[PDB]
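So this first bit is one chain, no partners, the form deposited without the ligand, shown in structure tokens.
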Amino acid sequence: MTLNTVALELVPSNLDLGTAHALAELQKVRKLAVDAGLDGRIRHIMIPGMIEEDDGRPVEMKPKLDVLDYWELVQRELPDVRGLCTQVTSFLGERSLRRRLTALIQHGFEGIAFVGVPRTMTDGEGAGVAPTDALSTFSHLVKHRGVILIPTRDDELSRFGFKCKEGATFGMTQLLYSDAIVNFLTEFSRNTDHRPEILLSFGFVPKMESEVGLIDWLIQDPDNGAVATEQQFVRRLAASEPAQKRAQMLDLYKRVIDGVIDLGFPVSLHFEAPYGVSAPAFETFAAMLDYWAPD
């Protein structure tokens, strides 16, 4: 009924790589994890869905394999892991979304986070499916139905509460670069009876972030202040040398874990490396797991 899992995000490889070099990259993933101690301890791969056109991103954005094609490669090179993914619902329409969700579950995915994109319907005829409506409508197809939880966002208490009422089973956080989630989940536990599973998301920040700024872009929220603080922490990690970067990161992790695991929500972990998996990323994830892991 709960995942109680550690999930590693693997973004699908570029469409132009071809099969032979897709599996080589996945083979490197297996070696990096074994070398880092992770190889028994990651139960799920989270494969995010697709943005086709660019959103302003600081990186280049090439066309990717569909979630289904990439998942079959993943199963070849990482036969231990189970599958989670992300699905945009806003563009599909109920019948199409039913077929898509059925195909995902049929091909071995155990949980799906329903993601929404705002769109114009003043024109832009044809309703898609709002993520919160999908949560109710497809509960017979998807046992683990997720939403994005952004604990720094204005009105997230009302927003996440609504999604829980509408049938959300877990919340997957935006990348966490402060302990805002601690106060959010405590206030959420005081104002409501919803106890969804929380997928806590931690992202490795490489020095390259000082030059490219991808993670700063991923978490931006104009005029927030809590996010402003998080962006300063990202820059500081990027400008920190490995020992201090690891310690600052793991101190953040320890505060979140300590502040959260007794609130009464089931807790799972979600590890991202937005610039691509790497030995320093996997070492950071191994350090976090040595402090605390589900089970």
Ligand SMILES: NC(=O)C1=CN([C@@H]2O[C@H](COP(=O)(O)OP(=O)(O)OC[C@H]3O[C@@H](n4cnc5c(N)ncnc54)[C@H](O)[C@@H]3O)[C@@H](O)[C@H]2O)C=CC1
Second form
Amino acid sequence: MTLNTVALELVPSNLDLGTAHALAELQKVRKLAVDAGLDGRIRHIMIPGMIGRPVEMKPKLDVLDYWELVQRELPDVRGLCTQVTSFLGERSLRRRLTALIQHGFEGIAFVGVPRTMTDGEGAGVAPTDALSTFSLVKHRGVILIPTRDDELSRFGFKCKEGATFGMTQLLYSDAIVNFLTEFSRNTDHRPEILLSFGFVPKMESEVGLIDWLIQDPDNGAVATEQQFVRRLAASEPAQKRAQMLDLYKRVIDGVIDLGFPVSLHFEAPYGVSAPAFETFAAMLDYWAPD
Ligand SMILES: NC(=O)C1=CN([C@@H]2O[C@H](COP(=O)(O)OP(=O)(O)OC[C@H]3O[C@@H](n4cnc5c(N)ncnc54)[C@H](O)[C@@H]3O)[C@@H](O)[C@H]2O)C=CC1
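Compare with the form deposited without the ligand: the form solved in complex with the ligand:
What follows is the entire complex, opening with the chain shown before.
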């Protein structure tokens, strides 16, 4: 009833390319994992669903079919996914969630609305409502942004409504430690937490995708994190990873005794690579779950 896993985010490939290309790239990802030692250490693949971005984003294969392909080249892995609920009518959301569960997904993270909208503002099913209505989904997740306004009220409402895990935004500070200490004090809510850590490549200083992914205009806690990302991208490989490891240790040490099931979520926003997987592997060598 807990996952207690390491999850690697694997984005579906472009529709342009066809199923034969996606499979070949998956065979390459497996070789990358084995060259770094990650094969048995990654229990789940997390496949994000679709939704002014410095990288284009083109039409992708449906999460359902990319899972079919992932299963072929990674025959032991299990699967999680992300689904936006706020823009699908209730009956259509039911069909979509049923398919994902039918196709063997162990857990689904329900996602709400972007920065331009307020809570409840989609014309479809709000994630808070979805957690109640589809209580169908054994492992119902949710996004957790430790730095975001009113998140203690928001995350708690979702736990009340039935969220069983929370998947964090990319963590480039120790704010999550502050959040769950307060959260475990104010509430009896103890959901499994998927701490997300993302490899920052050199080109981030040129392109700024991770800057764009984590932005929050007048926050300052995020600006602290934004300064961290720029520091990482300006760092040569060894100094960068030790910087990341220093954060990882600080986060793991300050969370693991707080009473929440702790899982991991590893992603590479510019795509998987040996430098990312070597960085991931250094992390698990400090702490990994089971
Ligand atoms: N879809 C995915 O796979 C992932 C989603 N996210 C972020 O989660 C957001 C949705 O938040 P939920 O809690 O699921 O929805 P929600 O409907 O429960 O929360 C929406 C509220 O948060 C604000 N908000 C939305 N995105 C924000 C962001 N990136 N930073 C700061 N405030 C933001 C909105 O203005 C609104 O007040 C997406 O916009 C995305 O940026 C992060 C990682 C993964």
